[PDB]
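Let's start with one chain on its own, the form solved without this ligand, as C-alpha cells.
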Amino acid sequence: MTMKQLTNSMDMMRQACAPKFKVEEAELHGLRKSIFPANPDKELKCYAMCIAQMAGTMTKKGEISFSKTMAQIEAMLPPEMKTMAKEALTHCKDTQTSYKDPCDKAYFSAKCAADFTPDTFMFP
C-alpha cells in the first residue's frame, strides 16, 4: 500500500538478485535514485533483468510484458507512483524492441522510465 512498504519489497528483490551478480551497493542505490548509466556493464543490466523477472513483468522469452506490468502497477504501486508509472509504460513499452539481449531490454526499459519520470520512479 505505502511508499515505506514498497521500499521494503524493493529491498527484498534487491537482496534476492544482487548476490548473483558482480554488483556493489553504490551502483544499486544509484538505480534506486533514478541514476541509470548509459553504458553500464553487463552485470548491472542483467541485475535489472533479474529484478524485472522477480517482479513478474518479464516473459519466459525475456520480453517485458505490457499486461503483466500494468497489472503489477495497479496491484502494488502507491498512488504517488501509479499514474506516472502507467505513463512511463506507454512511453517506454517499445524501448525493448531495439534490443536482442533480455538484460538490455530490461535495463534500458527501466532507464527509459527513470529518465521519463524521475520524480516518481524508484528501482529495486
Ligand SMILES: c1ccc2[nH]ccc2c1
Second form
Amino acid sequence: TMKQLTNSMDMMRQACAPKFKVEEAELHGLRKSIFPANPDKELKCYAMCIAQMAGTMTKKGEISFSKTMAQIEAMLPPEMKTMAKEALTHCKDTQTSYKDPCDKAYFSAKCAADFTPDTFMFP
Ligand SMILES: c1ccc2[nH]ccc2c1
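Switching conditions: you have the form solved without this ligand, so give me the form deposited with this ligand bound.
Full complex below, order starting with the chain above.
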C-alpha cells in the first residue's frame, strides 16, 4: 500500500537526514520530486546516503541498474512500475558524468525527478 511505501521512505529519511546539515524545505521537497538545481553537498550526500541504504549504490560508489530495477519491482505499486523503469533507463548514464558519488546519486535522482515529476518520489 502507499502507507507501507511512505513509511519505508520515512524510515530511510530518518536514518540519513540527521547525518547532514540539510535545509528542511529542501529535504521535504524531494519527496514530491522537487529537486533543487544546484544544492550544497549536504543535500547531495544525503541522496547518496539514501542510495546506499536502498543498497543501489555500490561500495565503489556506482549506482547499480539491476539493483534499482529490483527495488522498483519490490516497492512500487503495479500501476507505477512502468514509468519508474522508463525513468531509470532514461537516467542510467547520468552518473558517468560525475566523479563525486554524492553528485552521482543526487543528479541521477534529479534526472528521474525531471523526467517524471508527476510520479517520482524520493525518501
Ligand atoms: C539516488 C540515486 C539513485 C538511486 N537509486 C536508488 C536510490 C537512489 C538514490
